[PDB]
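Presented below, as structure tokens, is a lone chain in the form deposited in one PDB entry.
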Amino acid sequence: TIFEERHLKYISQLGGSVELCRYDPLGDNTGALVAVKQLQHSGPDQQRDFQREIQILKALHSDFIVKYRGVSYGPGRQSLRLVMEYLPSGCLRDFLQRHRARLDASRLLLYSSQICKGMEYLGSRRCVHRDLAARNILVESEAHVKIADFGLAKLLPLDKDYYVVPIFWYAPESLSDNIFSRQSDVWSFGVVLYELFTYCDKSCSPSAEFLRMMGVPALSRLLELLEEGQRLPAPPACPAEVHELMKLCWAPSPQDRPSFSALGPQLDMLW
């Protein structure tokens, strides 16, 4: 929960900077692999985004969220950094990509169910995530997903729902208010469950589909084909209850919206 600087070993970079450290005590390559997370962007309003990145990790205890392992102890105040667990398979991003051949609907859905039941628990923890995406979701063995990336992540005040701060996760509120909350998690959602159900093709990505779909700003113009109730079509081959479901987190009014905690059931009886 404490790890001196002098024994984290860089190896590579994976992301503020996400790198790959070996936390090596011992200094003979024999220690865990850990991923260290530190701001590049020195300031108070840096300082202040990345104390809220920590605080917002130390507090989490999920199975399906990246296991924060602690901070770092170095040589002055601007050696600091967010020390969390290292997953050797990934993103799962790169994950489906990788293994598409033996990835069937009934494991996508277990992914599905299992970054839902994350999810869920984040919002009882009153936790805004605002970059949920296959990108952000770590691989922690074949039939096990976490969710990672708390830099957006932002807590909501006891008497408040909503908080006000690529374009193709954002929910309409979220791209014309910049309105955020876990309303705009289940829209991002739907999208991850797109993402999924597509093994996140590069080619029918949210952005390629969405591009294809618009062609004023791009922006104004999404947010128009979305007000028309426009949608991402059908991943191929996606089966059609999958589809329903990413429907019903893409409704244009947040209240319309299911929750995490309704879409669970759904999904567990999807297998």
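Positions refer to the first chain, counted from 1. Superpose the two forms; the largest set of C-alphas matching within 1.5 Å is the rigid core. What changes on going to the form deposited in another entry:
- Looking at CA displacements between these two forms with the core superposed, a shift of 2 Å or more is confined, among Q47, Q55, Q230, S207, to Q47.
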Second form
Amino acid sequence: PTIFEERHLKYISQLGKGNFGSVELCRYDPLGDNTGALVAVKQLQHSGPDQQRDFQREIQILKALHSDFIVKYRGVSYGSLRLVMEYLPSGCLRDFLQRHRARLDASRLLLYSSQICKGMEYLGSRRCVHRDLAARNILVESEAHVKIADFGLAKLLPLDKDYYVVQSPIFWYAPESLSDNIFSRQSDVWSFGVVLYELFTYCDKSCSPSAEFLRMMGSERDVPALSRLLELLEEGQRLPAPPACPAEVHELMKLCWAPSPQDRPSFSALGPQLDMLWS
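We have the form deposited in one PDB entry; now please give the form deposited in another entry.
The next block holds one chain only.
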């Protein structure tokens, strides 16, 4: 049931690509008659020992997570460890928002925000820091239902600590991650703020997190991009209000980007502030 035999995975195509892996559309087809279910299967690429041990942790985390707003674990395949997950054909929210922009109103973006916030509230209850929350890592189950995916960089908080010192794009990172490699549930709140930005810009590439920040951080100097972003964030620079973003939603974004981790709201606090907008 939870064990998928390698030789019955029929490879269709590649869904998405990570730094140390890919997610492939496969049909698990034991009967050989093409009646089997389509599934999304992660395998490692360009992998050394460190990424292998990370993958073993990631499988166990995903396996232990049970939420309507978190992508479902199906099983694993050995032979060559592979992680089998539910296939959501509508794909990722990043592509979905660009594709269906003309039909997706503010109220629907708020639905997605609220569901992501719930998933993130659930993650915090399991003491799990996602570390790579972004629109590219949210999947569409239906028009009115999204789920958090990609637990490849996810860390369980130690039982006696609410932070972890430990690479995704720097433009979703909290200042304390940028500066001291510190990650926490409130580091995820910083990222969620950027996700809210993505939603309300419909993931338009002309005003993406990187496009906005890259423009702020000058042409070039003998200074790395990381230091210059940290400098701007310490000067109080933030992503702007998206075109036609509701005032109140932009204000929630700014609360997610409070300099101090303890001054950012909890997902539990954010949830009702998202749901009660416009009611």
